[PDB]
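Engineer: One letter stands for each residue in the lines below.
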Amino acid sequence: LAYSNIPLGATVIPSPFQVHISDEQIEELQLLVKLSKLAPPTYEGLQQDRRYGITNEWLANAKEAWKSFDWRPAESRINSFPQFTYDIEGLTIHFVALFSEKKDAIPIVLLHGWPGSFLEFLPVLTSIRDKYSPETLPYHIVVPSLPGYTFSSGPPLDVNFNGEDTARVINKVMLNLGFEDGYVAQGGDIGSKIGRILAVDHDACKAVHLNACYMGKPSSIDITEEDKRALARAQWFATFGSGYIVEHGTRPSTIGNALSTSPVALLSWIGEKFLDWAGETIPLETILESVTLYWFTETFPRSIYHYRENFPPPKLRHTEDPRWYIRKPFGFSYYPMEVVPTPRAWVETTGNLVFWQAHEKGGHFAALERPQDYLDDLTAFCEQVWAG
Amino acid sequence: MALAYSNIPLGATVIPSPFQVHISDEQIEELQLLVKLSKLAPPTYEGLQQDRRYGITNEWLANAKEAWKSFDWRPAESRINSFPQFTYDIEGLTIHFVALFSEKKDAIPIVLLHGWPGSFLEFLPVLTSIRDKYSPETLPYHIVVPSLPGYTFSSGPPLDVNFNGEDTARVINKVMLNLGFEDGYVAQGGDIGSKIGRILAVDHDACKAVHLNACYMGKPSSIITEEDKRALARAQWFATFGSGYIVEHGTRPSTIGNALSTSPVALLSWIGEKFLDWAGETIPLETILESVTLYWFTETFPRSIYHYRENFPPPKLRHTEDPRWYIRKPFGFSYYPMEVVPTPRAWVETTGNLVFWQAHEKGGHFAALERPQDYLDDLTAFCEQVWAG
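Keeping their order, the protein sequence lines are chains B and A. Numbering-wise, the first sequence is residues 3 to 223, 225, 228 to 393 according to the entry's author numbering. Numbering-wise, the second sequence is residues 1 to 223, 228 to 393 according to the entry's author numbering.
These aren't lab readings, by the way, just hints derived from the structure by calculation. You may find that some hints are simply not true.
Unchecked claim - Straight line, CA to CA, 20 Å or less: simulated PhoX-like cross-link-like pairs of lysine-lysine:
#	chain 1	residue 1	chain 2	residue 2
1	B	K39	A	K174
2	B	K65	A	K39
3	A	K39	B	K36
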């Protein structure tokens with residue numbers, strides 16, 4: 003497999019990995035999709051603008067498509083990229099990688115969120131290996147599955163687990179691969195908090211680029230018509246879009262149990278996000294691939310441990326806390342349909358912001374929606390800040 | 001189909017249609033199939049917290065799922081059908097209600113109002129006590145226990161227009177008007193029913209008085229004992245850790261309604277958490293299963309949560325704290341210590357003409373279900389105190 007040779011200085015050799023969902027898991031999935039019931043018509047379910055969530059119609063259509071969804075091609079595509087696992091602190095940590103043949107390639111770790119996965123970055127990874135050979139690849143790209151997500155095991159059954167533990171475990175992936183001299187982190191959604199913690203607390207992480215920075219407007223800050234739509238969208242998300250945060254953060258076992266009962270229940274909860282959060286419309290096939298993977302791996306109940314960190318609501322939000330001010334080189338890319346679009350003057354207050362790029366297209370799932378924009382920003386930021 | 005207590009009061013302007021519950025054989029067969037084949041979450045740190053700090057435990061749900069496999073609906077149905085039941089058509093909705101009608105020309109009419117995730121079932125123990133104490137001939141009251149629009153055998157709400165708490169009260173008032181009670185009735189409510197009962201008493205002439213066992217509010221701007233400290237901490241637990249379902253119901257009702265229609269055990273997870281956490285007296289598993297089973301058979305859940313969006317964006321004032329909804333008519337309140345937001349008398353008094361106050365040592369959110377005799381003593385005491393003929 004191209005791009006799959008372990009960097010020469012690795013401290014722990016990773017075990018190679020391939021996904022092979024059993025025929026029985028596939029057919030249990032179809033059985034329960036078929037067994038699922040739909041809601042009767044309701045006023046709320048008939049609103050085509052989704053002001054009360056997904057429409058009954060969308061869900062009925064998506065369920066029918068699911069019955070013809072074939073996992074094998076998607077699984078084959080996933081397996082076309084090099085994948086590995088480490089054993090770290092009793093957990094299996096899965097990651098996708100593209101390793102360069104250049105000895106001093108710049109290591110980068112790309113950090114997904116919820117309800118995402120490594121799947122978000124495969125179009126970017128496809129663009130990378132279209133553009134480069136293993137010989138001309140300037141980067142080592144590492145795309146781990148966060149603890150509790152898809153092929154990563156955990157979190158533990160017997161102790162609480164939070165974002166600082168997540169960062170500690172993810173940093174060790176990069177250390178294991180020989181990157182103690184330095185790597186760059188890139189993060190969105192929950193990955194943006196992980197990226198911030200890596201940059202703030204872990205020596206090996208030399209710089210961090212974010213495409214999300216969840217904050218209110220700082221009081222130390225004065228607007229344009231783009232600043233106006235950013236504030237209106239942020240207020241929409243805070244007021245109407247944050248039910249799942251409160252339920253994940255306070256009753257993770259209840260919602261975790263309810264949505265494991267049926268794959269179509271998980272489809273409803275997760276599909277609403279792929280619909281509302283995107284700038285560029287995400288195809289139904291991409292939603293189904295993600296929900297199917299979460300299902301096969303029982304991700305959802307293992308994946309929501311992060312949300313309880315905000316209950317009770319902290320004095321300062323993470324991004325606004327001086328404890329988590331990013332002193333290392335810090336980059337931000339602005340996508341207008343990000344769930345909380347944040348202007349430069351906001352972001353600048355949370356770190357040492359040396360890189361700023363704004364885009365006209367794209368929303369929350371920047372890598373998935375705009376892989377070329379994402380890859381361009383990532384190359385530019387890494388070239389701009391990397392110090393050898 | 002003659003039934004004791006089912007004679008329509010003499011002043012009725014509209015005769016209701018008799019109703020009986022008959023869930024089909026195929027629904028009962030299908031429910032058992034769907035329970036058995038429901039998938040369960042794997043073990044998680046959160047699912048192993050036996051103080052339920054993060055919701056229901058994996059162990060509780062697996063046990064409830066096992067018990068559900070051998071729950072028999074038909075004897076619960078026979079018990080339900082021993083009470084008179086009716087429907088009215090009102091503004092194109094079918095409104096189900098249970099009733100006990102007195103033979104006395106001047107019996108005091110009373111409407112009992114359930115909330116979410118409850119139903120007319122909450123009041124059956126109280127109705128059982130009433131009909132054990134009174135024959136139709138000695139019954140001092142007419143008791144009406146309707147299904148709110150969207151709940152169990154009541155249809156709607158409409159597919160094509162929004163529907164809110166004021167529409168709910170208008171429609172429930174017409175049940176009482178149809179039965180000839182334009183001269184007066186008393187309302188009683190908890191949970192969402194306490195909001196409806198408030199609107200009835202504030203805005204509708206036929207409602208003469210109202211008793212509540214819930215008065216959802218913060219500490220009033222108008223204004228601490230042992231109990232008051234405890235009530236404040238419980239109210240603060242509810243607002244901080246207990247209101248996830250409110251935000252979700254009120255912002256994304258379509259998503260959660262669809263999610264929870266897919267499987268009866270999805271519904272049970274969501275609703276069972278509330279019967280566990282909100283109760284003062286432990287509510288038996290069989291009662292929870294009965295309630296969740298009824299919701300499942302009647303596709304209640306997606307139709308029942310329209311009330312919660314009235315809080316989004318957060319209104320200028322909470323209903324109970326708004327002079328617009330201050331109760332001028334005689335207002336009674338019963339304090340149950342394990343109510344989700346226990347409100348001292350000083351708080352409640354800022355919201356209406358409080359002429360009746362009763363505090364209790366036991367009982368929680370589902371007062372009539374947990375403490376039927378306490379609930380009934382209060383209701384009759386309050387009605388006898390305020391009714392003016």
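Engineer: Give a verdict on every hint.
Structural biologist: Verification of the supplied hints:
Proximity of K39 of chain B to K174 of chain A is assessed by CA-CA distance (about 34 Å); at most 20 Å being required, the pair is judged violated. Between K65 of chain B and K39 of chain A the alpha-carbon distance is near 18 Å, which keeps this suggested pair within the 20 Å criterion. Restraint check for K39 of chain A and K36 of chain B: the C-alpha separation of about 14 Å stays at or below 20 Å, so the hint holds.
Hint violations for this structure: number 1 only, all remaining hints satisfied.
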